[PDB]
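To begin, one chain is listed below as structure tokens, in the form deposited in one PDB entry.
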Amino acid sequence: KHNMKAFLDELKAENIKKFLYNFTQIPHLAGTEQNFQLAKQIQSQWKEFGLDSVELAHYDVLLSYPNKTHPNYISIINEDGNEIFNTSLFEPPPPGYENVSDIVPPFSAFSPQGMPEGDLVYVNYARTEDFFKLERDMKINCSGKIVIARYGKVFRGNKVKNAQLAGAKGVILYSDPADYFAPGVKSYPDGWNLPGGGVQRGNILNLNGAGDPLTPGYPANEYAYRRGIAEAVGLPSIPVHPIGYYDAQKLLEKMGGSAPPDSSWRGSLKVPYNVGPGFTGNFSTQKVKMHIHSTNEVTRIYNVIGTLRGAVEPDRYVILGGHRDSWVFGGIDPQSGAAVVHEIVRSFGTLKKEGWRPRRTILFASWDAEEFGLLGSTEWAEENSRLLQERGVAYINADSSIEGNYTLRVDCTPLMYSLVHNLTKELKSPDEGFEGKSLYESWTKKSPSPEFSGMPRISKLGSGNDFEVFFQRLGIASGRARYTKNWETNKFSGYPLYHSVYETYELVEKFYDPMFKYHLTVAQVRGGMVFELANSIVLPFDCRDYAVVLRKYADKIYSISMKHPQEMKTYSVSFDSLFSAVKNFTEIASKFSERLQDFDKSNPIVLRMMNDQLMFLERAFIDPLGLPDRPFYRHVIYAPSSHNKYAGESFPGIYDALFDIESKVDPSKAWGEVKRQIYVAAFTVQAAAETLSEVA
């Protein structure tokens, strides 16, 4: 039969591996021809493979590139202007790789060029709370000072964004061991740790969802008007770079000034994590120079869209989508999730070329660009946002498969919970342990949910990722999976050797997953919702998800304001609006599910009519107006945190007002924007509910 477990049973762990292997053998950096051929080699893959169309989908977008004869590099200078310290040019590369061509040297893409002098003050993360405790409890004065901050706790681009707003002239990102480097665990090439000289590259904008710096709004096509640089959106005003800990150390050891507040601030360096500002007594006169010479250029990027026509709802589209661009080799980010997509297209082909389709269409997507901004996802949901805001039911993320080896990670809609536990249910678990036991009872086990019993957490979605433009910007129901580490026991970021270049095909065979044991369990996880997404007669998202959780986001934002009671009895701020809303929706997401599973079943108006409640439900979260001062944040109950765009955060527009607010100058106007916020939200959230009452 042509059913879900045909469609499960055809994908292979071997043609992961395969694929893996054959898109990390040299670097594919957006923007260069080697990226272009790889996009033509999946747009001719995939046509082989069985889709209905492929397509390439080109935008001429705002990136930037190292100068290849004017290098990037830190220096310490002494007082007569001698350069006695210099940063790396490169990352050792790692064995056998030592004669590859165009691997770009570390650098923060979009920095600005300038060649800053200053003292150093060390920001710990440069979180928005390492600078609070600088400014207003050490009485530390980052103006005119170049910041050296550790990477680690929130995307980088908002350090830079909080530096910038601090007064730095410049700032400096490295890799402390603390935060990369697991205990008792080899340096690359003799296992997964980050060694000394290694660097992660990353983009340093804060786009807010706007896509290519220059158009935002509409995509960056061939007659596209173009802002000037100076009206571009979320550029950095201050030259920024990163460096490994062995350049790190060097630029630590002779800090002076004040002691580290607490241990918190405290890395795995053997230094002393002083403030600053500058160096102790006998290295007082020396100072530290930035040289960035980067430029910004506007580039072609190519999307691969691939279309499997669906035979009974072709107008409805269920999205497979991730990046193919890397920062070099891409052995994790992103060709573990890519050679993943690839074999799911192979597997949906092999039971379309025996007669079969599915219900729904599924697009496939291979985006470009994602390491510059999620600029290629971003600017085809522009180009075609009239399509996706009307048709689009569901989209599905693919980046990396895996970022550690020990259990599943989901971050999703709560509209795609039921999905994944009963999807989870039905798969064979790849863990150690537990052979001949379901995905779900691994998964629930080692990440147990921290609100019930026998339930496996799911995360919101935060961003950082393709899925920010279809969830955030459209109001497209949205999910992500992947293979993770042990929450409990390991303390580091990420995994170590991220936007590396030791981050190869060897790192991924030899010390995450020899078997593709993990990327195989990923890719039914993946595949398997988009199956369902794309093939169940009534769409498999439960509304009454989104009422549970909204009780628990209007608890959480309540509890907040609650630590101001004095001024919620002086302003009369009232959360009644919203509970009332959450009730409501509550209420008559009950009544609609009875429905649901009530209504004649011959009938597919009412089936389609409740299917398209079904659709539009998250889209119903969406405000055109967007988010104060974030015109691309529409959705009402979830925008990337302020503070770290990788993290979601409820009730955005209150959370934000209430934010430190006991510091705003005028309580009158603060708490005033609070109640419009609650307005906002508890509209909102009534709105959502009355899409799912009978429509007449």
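Rigid core: the largest C-alpha set superposing within 1.5 Å between the two forms. Positions refer to the first chain, counted from 1. Compared with the form deposited in another entry:
- After superposition on the rigid core, the single residue among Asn193, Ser493, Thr586, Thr307 whose C-alpha moves by 2 Å or more between these two forms is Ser493.
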Contents of the next structure:
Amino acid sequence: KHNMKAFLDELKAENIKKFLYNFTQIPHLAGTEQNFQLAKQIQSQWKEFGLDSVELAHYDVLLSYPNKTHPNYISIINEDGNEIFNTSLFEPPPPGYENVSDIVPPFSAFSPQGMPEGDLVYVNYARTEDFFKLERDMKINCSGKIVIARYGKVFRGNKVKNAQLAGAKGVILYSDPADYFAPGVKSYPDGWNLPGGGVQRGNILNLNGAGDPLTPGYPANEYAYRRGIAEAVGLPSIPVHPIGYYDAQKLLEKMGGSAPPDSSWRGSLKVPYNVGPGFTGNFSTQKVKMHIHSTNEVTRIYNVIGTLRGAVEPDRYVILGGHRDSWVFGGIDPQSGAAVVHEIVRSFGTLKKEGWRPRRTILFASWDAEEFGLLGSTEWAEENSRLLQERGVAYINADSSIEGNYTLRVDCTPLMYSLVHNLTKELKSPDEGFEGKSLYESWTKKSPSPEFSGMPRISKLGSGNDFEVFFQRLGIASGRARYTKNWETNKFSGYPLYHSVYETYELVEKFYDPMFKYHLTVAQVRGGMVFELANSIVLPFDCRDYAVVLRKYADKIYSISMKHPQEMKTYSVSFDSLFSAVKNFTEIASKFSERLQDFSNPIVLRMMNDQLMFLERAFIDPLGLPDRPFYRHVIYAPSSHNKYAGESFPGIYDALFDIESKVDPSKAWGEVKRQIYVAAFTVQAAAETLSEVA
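Right, and the form deposited in another entry of this protein, after the form deposited in one PDB entry?
Nothing else is written out below except the one chain.
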């Protein structure tokens, strides 16, 4: 038989291992020849595997690279202008790779050029609340200063945005061992920790969903009109560069001015973590000088798009996508994901060669330039938005399959909660001590829901990966799943070797997953989800799960507002409409579920499948969120303080944030009321898509 068990049984850990080795021997940086060659290899192999069509979709997008003959570095400079200490020009390469060429040195992609010189201020994680503490409580002014911030907690582009608005003239990002060195584990190559010379690459854009900075709204095809660089979307205005903790120690050790305000500001280095500005007495005349010479360049990128045509509903698309470009070798990010996608394609293709096809069309994507701002997925979605609008059932992302070996991590739309619970109850746990137990059992034990007993945690979607355009712009039901660590406070910081040269095949094979059993489990989860979405007669979405969360989110946003009772009285701020809409959605969803269970009629079925498919779509507002036109989902958006985190009722949340500091409370509370109206209307309008159609 050709059922899900047949699909799942065909997946093999040893194939995932072979693919991971094959994809990680040389760097695959976006825009480079190496990565184009890998695209062509994947295209050829997906064809061999049995897909109906496999094409490359190319775009010409703005990328950023260091200047090979004018390298980036930071100095401490004396009053005579002598550079007395310099940060490293490259990470010491790992054993056996010291002769690999074209390893891009650490840099912050899209930094502007400059050579700012100044006094340092230390800003902890450079979060919104860290700058509030500095400027409001400690009365420290960052204007004209170079800020030094530790990586962790929030997306680095948010740090840079925050520093820019505080008036900084430059930002130095570093990896503190508090966040990137687990106690009792050795540094690479002897363990999975970051060494003092390791550095985390990554872009510092704030694109808010736009994709290529030069072509917002439209694909960057051959005839595209491009914005001038001065009008580009999302580019930082001050130079930025990342460094390792050996170099950070040298910059932080001489810091003077004010003591850290409390222990949450101190990392694990042997320095005081003084906030500054500037250095202690003896070194008061020394400064820090940055030298950044990176260039932004329009560069061709290539997505591979494979199609497995549906037997019954070929005009309904289930998409499994993940990226292929990496900063260096991509041992975890992304090739641990890409190897899983490759084995999933091979398995579906095996069934296809035996005469099977899925009910609905499955599209498989190998995206390019994810590391430079989700560029490949977003340009392709811009090109194909009308097809995706009207035909897109679901998107499952497939970046890194592992970031630890402890338990499952899942973020997805509520419409997928029941699917994930049911699938994980049918899969074997790979965990020590849970032999013979379901993955649902191990996951629920290790990562309990904060809300419900005997349920696992599933988080909201924000941004930070290639599902963003599908979910936040287009309103296609999306999900993601991987294996993770037990390090809760580090959930947005990345594993220690994230975006470093040290993330290699050997890292994964020696220290993360020697038997590739966690990779196999992730392949079963991602592939099983795609299988069910593409083959179930009724789409496997439960609208009642959205009703449950909407009440949760309404209670939460009401509780934030209720911190300001006198203003709610003064400005007549009522959440009554939003609770009414949620109540209506709950009632209508319950009645729809009854009809769905109670309805031989393929028109009623498809009518009902269309209601299920367009339900996520109903939460899209074609006017977008305030000043973020490409974030259009009214229930979820990436947090304005941390792109990696999802925020619920984002338009209301942002209207309320720090509202006590707004100079015109009438205007500010008016906009809260406006956002309550938009949210109440949108929830009611989504509910009504589930009513009887006539």
